[PDB]
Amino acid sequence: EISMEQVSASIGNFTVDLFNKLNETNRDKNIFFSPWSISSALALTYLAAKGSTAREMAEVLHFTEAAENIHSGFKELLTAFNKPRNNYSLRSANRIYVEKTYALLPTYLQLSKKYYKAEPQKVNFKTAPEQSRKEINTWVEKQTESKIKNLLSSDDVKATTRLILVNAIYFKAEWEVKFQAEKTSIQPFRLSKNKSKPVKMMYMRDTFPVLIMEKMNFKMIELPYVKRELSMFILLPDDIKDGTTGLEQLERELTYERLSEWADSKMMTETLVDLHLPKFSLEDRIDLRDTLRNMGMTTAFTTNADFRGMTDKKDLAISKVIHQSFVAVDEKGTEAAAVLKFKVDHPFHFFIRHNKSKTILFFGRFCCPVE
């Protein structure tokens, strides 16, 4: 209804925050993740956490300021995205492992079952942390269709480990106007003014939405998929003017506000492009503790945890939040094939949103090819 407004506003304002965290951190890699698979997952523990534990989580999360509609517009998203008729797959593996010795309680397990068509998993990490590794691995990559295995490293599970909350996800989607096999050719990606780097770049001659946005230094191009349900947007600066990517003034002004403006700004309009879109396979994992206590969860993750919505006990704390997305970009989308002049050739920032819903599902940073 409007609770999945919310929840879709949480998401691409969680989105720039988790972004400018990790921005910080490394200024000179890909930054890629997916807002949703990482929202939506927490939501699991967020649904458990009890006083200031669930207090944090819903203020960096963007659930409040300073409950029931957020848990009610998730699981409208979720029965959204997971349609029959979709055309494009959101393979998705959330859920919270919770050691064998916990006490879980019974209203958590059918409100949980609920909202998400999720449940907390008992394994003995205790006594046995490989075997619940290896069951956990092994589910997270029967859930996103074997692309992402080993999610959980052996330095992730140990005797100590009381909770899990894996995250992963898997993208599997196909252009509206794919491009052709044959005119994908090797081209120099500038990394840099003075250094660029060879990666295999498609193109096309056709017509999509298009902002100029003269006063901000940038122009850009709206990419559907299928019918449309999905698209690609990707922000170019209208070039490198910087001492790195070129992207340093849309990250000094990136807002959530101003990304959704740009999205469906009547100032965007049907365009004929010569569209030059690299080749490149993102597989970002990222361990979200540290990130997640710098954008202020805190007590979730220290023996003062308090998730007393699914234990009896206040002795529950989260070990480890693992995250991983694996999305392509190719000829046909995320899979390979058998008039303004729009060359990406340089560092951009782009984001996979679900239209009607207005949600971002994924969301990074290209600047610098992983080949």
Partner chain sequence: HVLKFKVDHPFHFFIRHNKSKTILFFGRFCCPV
Contents of the next structure:
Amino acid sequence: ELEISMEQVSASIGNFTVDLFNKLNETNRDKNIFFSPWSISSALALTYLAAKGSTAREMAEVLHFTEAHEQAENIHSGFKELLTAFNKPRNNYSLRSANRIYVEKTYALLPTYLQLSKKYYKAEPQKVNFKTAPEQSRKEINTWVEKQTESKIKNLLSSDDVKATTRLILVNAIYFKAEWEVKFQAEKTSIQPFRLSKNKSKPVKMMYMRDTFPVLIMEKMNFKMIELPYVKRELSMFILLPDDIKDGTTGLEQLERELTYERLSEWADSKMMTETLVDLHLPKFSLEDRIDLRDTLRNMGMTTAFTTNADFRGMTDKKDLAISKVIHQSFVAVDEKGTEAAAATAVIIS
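Switch from the form deposited without the partner chain to the form solved in complex with the partner chain and print that structure.
Excluded here are partners and other molecules; the one chain stands alone.
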């Protein structure tokens, strides 16, 4: 039962990842994109727990909890067990995720919502003074996020995000740091050209090694995929690389046009993806980003939650709450030793 629940949530997150990427890609075809769909889905799932009617239904459909309202209890259960799996005690690498509910001290929440939030998301409520101390409250939340992220997600919320009208902020944080199973040797790293397009390139620190990794060759679809395991292969970085640059922009036009999670799932655990000796060249790179996902989520079909018709009576008896912002901030650094990655998502309700 619990195993199936975990598979359903993992599948929902995978579907959401592709949909989210596709929506982000529509407006920004030529920019770096990086996010944690785990963090975004976790924070919005904790929000969905409180949703009712069309507010809930739309969120469930966008997040792939349901197909396009009865609460998806299987999903909340799946998130619980996944969170437990990610937070397993260990000292061979770093993986942790946490959720928290920040609420206006004067605003009463339903006890049933708090016990369910604690059960399924390990989210405890912290009363804060939004009404007459929004800056105090903001810094308090940002400090917690810093602690959960080893200070890699620093000032999550700005003064434009937390105001006197703010009533709840539901936050997820995730932190990951691990060595590669097989680390690159720094002496083999050198300055090499990274080709942005057919007619453009820029210099980057290119890491190099010759070793054996699982590789899927898809000649017909013009791409290859490789898995780069972290220690004990408990997590991996997968890289999808087009065979060359075979279009007028980034080389990813075919891949991005044909991207589905069904395809991505089939590739990622394919029998054709066998252990292959490879001359691996990988850039040393780091990405940071920040976005308010309101507009994006609205364009994906999550509309009612951001309106004066929003219904969050799962957490309150009054229909006086709506989502104002969904702040997502991310960070990743890839180097010879491994990868450090981090993110936070803050659902701001007023």
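Positions refer to the first chain, counted from 1. Basically, rigid core = biggest C-alpha set you can superpose within 1.5 Å across the two forms.
**Q** Upon rigid core superposition, which of the listed residues (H276, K178, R293, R162) is displaced by 2 angstroms or more at its Cα between these two forms?
**A** The one that shifts is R162.
**Q** Relative to the superposed rigid core, does the CA atom of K113 travel 2 Å or more between these two forms?
**A** After core superposition, the C-alpha of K113 moves less than 2 Å between these two forms.
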